[PDB]
Amino acid sequence: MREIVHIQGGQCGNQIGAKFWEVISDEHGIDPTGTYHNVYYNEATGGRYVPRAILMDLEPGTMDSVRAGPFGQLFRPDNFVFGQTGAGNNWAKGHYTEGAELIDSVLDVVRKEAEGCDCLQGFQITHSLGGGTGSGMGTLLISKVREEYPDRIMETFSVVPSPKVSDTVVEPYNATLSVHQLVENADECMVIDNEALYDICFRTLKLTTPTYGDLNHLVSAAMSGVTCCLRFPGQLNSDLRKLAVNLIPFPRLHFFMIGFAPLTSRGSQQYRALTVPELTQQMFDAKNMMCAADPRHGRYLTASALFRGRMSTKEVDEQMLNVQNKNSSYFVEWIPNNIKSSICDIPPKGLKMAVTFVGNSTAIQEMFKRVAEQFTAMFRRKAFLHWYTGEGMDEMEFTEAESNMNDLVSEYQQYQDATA
Amino acid sequence: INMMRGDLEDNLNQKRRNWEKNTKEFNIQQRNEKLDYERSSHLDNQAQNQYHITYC
Ligand SMILES: Nc1nc2c(ncn2[C@@H]2O[C@H](COP(=O)(O)OP(=O)(O)O)[C@@H](O)[C@H]2O)c(=O)[nH]1
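Heads up: the protein sequence lines correspond to chains A and B, in order.
Start counting the first sequence at 578; every next residue gets the next number (the working numbering).
Start counting the second sequence at 13; every next residue gets the next number (the working numbering).
Okay, chain A solo, but in the shape it has when bound:
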């Protein structure tokens, strides 16, 4: 019933997905053995539970991770489709040359896992954008499956690299290459970066050494809180499509920002309240989101707010109306009531409230801009091109890919200029 599949590729994708399965298991009350202590799990003999997920990569080193970290005995042994060469940070190695050889087996596993469903509500994938395995194989899989299941919809939590944090020196290439077709046949691209998470765990949680563990934990908890309102009874329920109408005004303006609330450290947790006013004051700022794009330098075409726990619908509703008609400038005026709310009846494990703030804004367009910046300074000189064209991939494509990007960002700016 309204079941969801799980594809996780690339190093970061696999890490975050393992953490997400951990958080879900600790939410539905599932210990690492697969017992209780159909939206995500499937039944198995002796009351065991199998997470509905497929793990793919071109180097099986990640196997170590998904077998060492907690909740590693949950996944299916047939759902580990691994390569041997490794894409090695290059997109071509994972979309034309080698990934094009195991993508068919991944498609076969996807078919064997989706036919076991009875009402498939959508897809959700997690992957990087420069990681050859991740970006390449995930984009190829998205292409194939959307060319296979036109009715269903995909909601990908791709993790773009922001240049404020330097990881590798070939990101812009793979980033633009994947964006060229991620705006094509994907309906919810919730982008995430690393600078936002570092700023969060420094100036919002006072953590000492922000480590990948807690970063992934935070983004996974947000990923869960996104769709939780379908996993339980609610007063104003939602799904992965009630977002696909409230948050996609145009078939390409679908790039989403994600924010989680509440977020505090121990002392702060002690000395503060947990109510609609405080959560609202906590979520509409800039540095409670997971995108290094200052939203107050743009607007929000639409903004959904999935609350969790139990409250008075009048209170959250009046708070939304008030925060809108006070931030009238930072919101878009040619659309009426651009905000949406949705309330479930079960809070997460640990607290008494929760807030997932999803936003189809017009600020993250600037993000593409800065990435495009590097692209030009890595293409005008044709630098680091002798690793791409040497794998069958024709160079010409790259050019038009960049052109496509323009259209995208253009649209955003154009809609920032519309009036009535």
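Treat the hints as calculated values from the structure; they're not laboratory data.
Just so you know, even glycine gets a beta-carbon here, dropped at the ideal spot from N, CA and C.
Fair warning: there could be bad hints in the mix.
To be verified - Computed spacing ranges between beta-carbons, pair by pair:
1) B:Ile65 / A:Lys926: 25 to 33 Å
2) A:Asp728 / B:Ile65: 34 to 42 Å
3) B:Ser53 / A:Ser842: 49 to 57 Å
4) A:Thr841 / B:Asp48: 48 to 56 Å
5) A:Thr610 / B:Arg43: 33 to 41 Å
6) B:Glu50 / A:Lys926: 27 to 35 Å
7) B:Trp31 / A:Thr610: 53 to 61 Å
As the list claims (entries may be wrong) - Every beta carbon over 10 Å from chain B, so not counted as near; a handful from chain A, in silico:
8) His614
9) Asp685
10) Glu895
Starting from the known structure of chain A, arrange chain B with the ligand on it as the hints suggest.
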């Protein structure tokens, strides 16, 4: 004679309602025996699955 006919028809209707409630007793017993059936069959299924899987 009018009083007698009234009394006789009253008794007949009472007998009707009595048999109806008897049939409802039977129907509830039927439903609960079916639930017994399904739970016992589920436990038997788990038993046979353990027996087949632990068959090394
Ligand atoms: N939040 C988070 N991001 C990561 C992590 N590991 C890698 N990333 C990002 O993932 C980027 C590239 O994707 P990756 O899957 O590692 O490359 P590939 O596996 O070799 O194809 C890297 O440049 C990292 O910035 C992690 O543990 N946590």
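So, going through the hints one by one against the coordinates:
1. B:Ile65 / A:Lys926: 25 to 33 Å: holds (32 Å)
2. A:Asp728 / B:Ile65: 34 to 42 Å: holds (37 Å)
3. B:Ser53 / A:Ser842: 49 to 57 Å: Cβ of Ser53 of chain B to Cβ of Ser842 of chain A: about 53 Å, so the range 49 to 57 Å holds.
4. A:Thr841 / B:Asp48: 48 to 56 Å: holds (52 Å)
5. A:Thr610 / B:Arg43: 33 to 41 Å: holds (36 Å)
6. B:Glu50 / A:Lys926: 27 to 35 Å: 32 Å Cβ-Cβ, so the 27 to 35 Å window holds.
7. B:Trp31 / A:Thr610: 53 to 61 Å: holds (55 Å)
8. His614: Holds: least Cβ distance 19 Å, greater than 10 Å.
9. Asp685: At about 25 Å from chain B, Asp685 of chain A clears the 10 Å cut-off, so the statement holds.
10. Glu895: At about 48 Å from chain B, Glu895 of chain A clears the 10 Å cut-off, so the statement holds.
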